[PDB]
Each structure stands twice: as structure tokens, then as C-alpha cells.
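*Asks:* Here is what each chain is made of, one letter per residue.
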Amino acid sequence: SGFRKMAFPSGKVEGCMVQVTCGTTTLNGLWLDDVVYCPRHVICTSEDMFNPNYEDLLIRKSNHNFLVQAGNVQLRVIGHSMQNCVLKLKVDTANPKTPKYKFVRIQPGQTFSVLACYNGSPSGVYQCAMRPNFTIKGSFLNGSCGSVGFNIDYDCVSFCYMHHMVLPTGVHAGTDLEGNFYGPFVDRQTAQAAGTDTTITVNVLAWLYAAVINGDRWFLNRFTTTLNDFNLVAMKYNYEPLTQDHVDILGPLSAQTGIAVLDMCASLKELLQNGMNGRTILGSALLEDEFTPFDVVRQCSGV
Amino acid sequence: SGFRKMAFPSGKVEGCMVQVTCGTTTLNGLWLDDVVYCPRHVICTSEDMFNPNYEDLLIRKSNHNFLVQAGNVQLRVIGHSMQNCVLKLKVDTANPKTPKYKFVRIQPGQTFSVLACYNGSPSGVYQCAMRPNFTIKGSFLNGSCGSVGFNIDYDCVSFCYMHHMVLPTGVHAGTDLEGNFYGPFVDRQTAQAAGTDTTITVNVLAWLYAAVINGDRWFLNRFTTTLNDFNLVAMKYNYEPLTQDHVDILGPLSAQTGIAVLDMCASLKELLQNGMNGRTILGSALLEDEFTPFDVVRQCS
Ligand SMILES: *[C@@](O)(CO)[C@H](C[C@@H]1CCNC1=O)NC(=O)[C@H](CC(C)C)NC(=O)c1cc2c(OC)cccc2[nH]1
Ligand SMILES: *[C@@](O)(CO)[C@H](C[C@@H]1CCNC1=O)NC(=O)[C@H](CC(C)C)NC(=O)c1cc2c(OC)cccc2[nH]1
Ligand SMILES: [Cl-]
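Taken in order, these protein sequences are the chains called A and B. The authors' numbering puts the first residue of the first sequence at 1, with every later residue one more than the last. The authors' numbering puts the first residue of the second sequence at 1, with every later residue one more than the last.
Just so you know, not all the hints are guaranteed correct.
Here are the simulated SDA-like pairs of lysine to any residue, each with C-alpha atoms no more than 20 Å apart in a straight line [unchecked claim]:
no. : chain 1 : residue 1 : chain 2 : residue 2
1   : A       : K88       : A       : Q110
2   : B       : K97       : A       : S121
3   : B       : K97       : A       : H64
4   : A       : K61       : A       : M49
5   : A       : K97       : B       : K137
6   : B       : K137      : A       : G283
7   : B       : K137      : A       : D216
8   : B       : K137      : A       : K61
9   : A       : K137      : B       : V297
Hints in this document: simulated from the structure, not taken from any laboratory.
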């Protein structure tokens, strides 16, 4: 009963967050086994940040140049390497609270939980989606760098995002835990624009099924559409094309509600062409696209 | 800003969640020091649930009828009592993960994080607002009662909600950690209707202050009002009347922007009587009422 933007419980990640300081720069790090992972621009200065030759700046640093603090305990750095935009600080102590984990690179349209952290301390947790243009619409303030995004499957934490940047438009950019940015961004102190964003169509459809499962059907109609005719209209409105894989992934929700996927597409088509007028869906005046089919299934199955 | 619903990190509460079973009835409990708190209806059999006599059901129970488990590890129950709609089970082990905590009863409009749990295992965390009609718009499946709502201040967890009921309309109802329901509801297997809901005025005002902090201030007018005058008008638009506490918790935002609370109230009054006239505030044509003055500062600071 009910439907809400839900994040995974953050405890397993809270126990990995530490504070990393180099010179006058302080941000968050992720302590897994005997390594602390953080954004490499912590080794920058105020001047370096506009065009940093990271390899050149890193060689000039010593292990003792890195102050790592887990609570009221200082961790001794005994090694340091760089993997793309991620600094890897070897410490003399394995984190005793390390969970079962892996590093994964998430795909656009997929969701993850963000643990926002400042000075190594967790501050809040919320759910985000990888936008088609590889930005995320996060909530990050000064000092949030090194905050991580993750999913949980059973006891396994899959880390997928580390936070680096805010764009002039207010959306955010970061890397996976191998230090590769999502999108065309670069960890230099410059104003960067993203590619034109699109709406995550399969997620909007999942969310419409959620609204039906929660007893709201005002947007349904008797009509049906072909996949291609739907995609022509969606593309006109800057919606991502719906693939057959997307159609299949929506199977369960379609079965649960007995509304054919292409039947829901006809409803979305009508919503795009006419608008919602004054009405709302699941409390929103806008078409929500940051719930995946799985998000909806986990909250609405058997409901 | 980028105003999202943001929950508190849930780890301190995860370490307190257990499952409690009586017969085949299982739900969640909260293990703090050597006490486990849980909804008293765990002692009901499927059939008792329509109009239980809890005092009578409970006199027929002994400590050894209660199965409390942290994961798969049983915690022996050595004492039991009922306090309103909550059962308190004394166990022989003090929870080593017990945080600093208090039990607080919140006012309508206040927000809190809900850690949804099933069979003692946390599954998700999200932010809720206590509606003026004492419901919350949660996301709760079978097996969710005993899940708790909380705030975190410094290192201290303030527990404010324990889940008990879903209403016919799909909203949710529950108690504080002393077992006292929010609103007129009771822990019975019966359809219970919530009063008509109203908009949380104090939070709308917080949201307007947030808009002003962000340079979005077209709606400010050069008027002020009395609190009485505003309340009388607000009620005609199904808005909650403001209290002195509401005026007080808006103080920091009023000082930050230099706009007196009653001046902001006159601006809201004009929006109510005239509408948005096809404009948006913070990007939305809807006025948001689920961010408290604290949430605003917190997300902006
Ligand atoms: C990290 O905390 C830095 O350690 C920080 C996160 C942002 C601060 C405000 N909100 C955030 O998400 N990241 C930065 O400050 C990065 C640092 C780079 C990678 C060296 N830079 C930016 O986010 C950045 C720079 C510029 C800019 O130039 C100058 C112009 C416009 C936007 C912009 N963002
Ligand atoms: C707890 O998990 C029970 O342990 C459960 C929470 C709901 C399950 C689905 N979503 C929830 O939020 N609570 C209940 O089942 C309670 C049990 C009472 C306290 C004995 N009852 C209800 O939620 C309930 C019963 C009825 C009803 O009857 C008749 C008619 C309409 C609504 C309704 N809700
Ligand atoms: Cl039910």
C-alpha cells in the first residue's frame, strides 16, 4: 500500500565513510578493506584546479601528505595510487565494517541510493536515477565530494557512483568506483554543460502502472498503439525510445494490472499530447521518470 | 537547492530492528538497551483481531510465548508489559548497538524518516510528513508493522512513529513509541476513515522562504496581516491554522531573508485568494507542504 521514492538502508555504507584531507582540501572517502577511495582532486590546490596535471601533482605527494580520519581515529596511509579520477589510499588497517561489495557501472535510466556525506559523516540518503545524459539530479552542497551511490542485493553493496561536480544548471556529475566519469565531464574547475536530457520512457510507464496499482486510472484510455507509432510521438517530446526489452521488463506490471504495455503507451501518448490539464498522478503534477520497473515491482507486488 | 525528499541515514536504527513472533504472527520490534518495543497486536490470532480484548489476551500470555529474534538469534524474553498499543518485552541481552535515543511525539506537519522493515530486516528508508489528519503517506506491505519513524539530532535518535495500520484510502496510521495512536485510530481489524486532510501551512511558508533564498520572489507583496486574520482566511482554503510554535520555527528563515513571518503570511494569503496566475515557484505550479523549516535549512545548509 502506497508508493514512495525509497532508498536502500544506508547502514552498510555509513560504516565505510571517512574524511580525507590533503593540504587545504577536505572531502569524503570510502573505506573498503585496506583502501580508501576518494576523488583525486583532493590533491589539488586552489590554483591547480583549473587545469590539473594529476599524474604530475600526485607524484609530488607523500603518503604522509594524506590525513585520513575515521571518526576520532587517524588511519595511516601506507600507499597511494590513482585509477582514473579516483585516488586510492592504502591504509595500514582494513576497515572492520567492510560489507560484501562490488563495483558496478550503472546504465542510464537505472536508480541508486545516494548517501550524502560531509566531513566523512553521513548526512542524508535519497534515491537518484542515472539520467540519459549521464547527469544525476542530486542534493549536494559544498564538501559533498566523495559521497557514493549504491544499490543493495541481499547482503551485497554494489557501489556505482562517487560524487565530483555540480554543473551550472544545478544537476550533478560523478564517476563510477573505477574513476570513469558518467558522461562527457572532466574533473577540472570549469563550467560544463551536459548533452540535452531526455525523459526515461520505460520508467514513466512503470510509474503509470504504479499509479494504477494504487487505484488511479483516470489517464487510461480504450486505445492502443504500435510500438513504432508510440516511439515516433515519444521522440517528438524528447522521450527515450521504448525498446522491446523495455516492453518485456514491464511484463509483470502489465500482468498484475492486466493492462497491455502498448495500451499504457497509448495512455502516455495521450498525456504527452494533451497534458494532465489540472490533474495529478500519484500526487505529482509532472510525469515522474526516476522509478524503474523493479522499483515499482518491489513496492507494489501483491498489492 | 535541488529539493528532494531526503531521509536521515538509517544505520543507527537498523542496528535496533528485530522480529517478534507469537504463534504464527510475526512483526517488527525495536530493541533498545534490554527492552524490545513492538505493536501489541502481535499477540492476536487472526480471529482475535476484529475486536480484541488486549488485557485479556495478554493475561493468557507468558514470557515463554514470545519469540524475539535478532536475525536468526533468539533473545530470551524475561518480562513483558503493555503500554497503550505497544508491548514492551524485557530481554536478557542489552543491545550493544543501542544509540543515544529519546521517544518524542510529533505534531502534524513534522517530517521523519521511516525505515520500512520485514521480519526484522530493513528494506528501505524514506521521508514522511505527519498529515494534519494524523495519517502518513507511507509505502508499507504485509509484515511491516513495528517499522519505526525517527529523526536524528546530533548523535541522538528521536523515535516518533511505530507502524500499525493501513486505512481504506491507502494512507497509514500508527503510534508514538509509548503506544499512543496519532489521530483517532485504534488497533483493530476494521476499516477506519481519516478526517479530511488540510494543507500544512507552516511548511508552505517554509517553502516560500526557500524560494526567496533562491532568488524566486515574484510573489512577495508589500502587505502584512495579523495571525488571526490569516488563520481565518487560510481555513477557507483548507489550510491548517498557524500556531505560535509555527511562527517560532519560521524564525530562522524569517531572519535569514529579512521577511517577517506575518509579511510572508500576507504573501501566501494573496496566492490563495488570487492563484499563481500561470506562474511557478521553485519550478512548480504546486505549493509544496511536506518540507519543514528544518528540512529547508538542512537541504540548503
Ligand atoms: C566537491 O565537494 C569538491 O571536493 C564539489 C561538489 C560541488 C560543490 C557544490 N555542489 C557540488 O556538487 N566539487 C567541486 O567543487 C568540483 C571540483 C572540480 C572537479 C575540481 N567543481 C565543480 O563542481 C564546479 C566548477 C565549476 C565552474 O568552474 C569554476 C563553473 C560552474 C560550475 C562549476 N562546478
Ligand atoms: C501490520 O503488518 C500487521 O502486523 C499491518 C500493516 C498493513 C499491511 C499492509 N499494509 C499495511 O500498512 N497492519 C494490519 O494489518 C492492521 C492490524 C490491526 C492493528 C489488528 N490492520 C489493518 O491495517 C487494517 C484492517 C482493515 C480492515 O479490516 C476490516 C478494513 C480496511 C482497512 C484495514 N486495515
Ligand atoms: Cl489489510
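*Asks:* Against the structure, test the hints numbered earlier, and report the numbers of the ones violated in rising order.
*Replies:* Going through the list in order, the structure violates hints 1, 3, 5 and 8 and respects the others.
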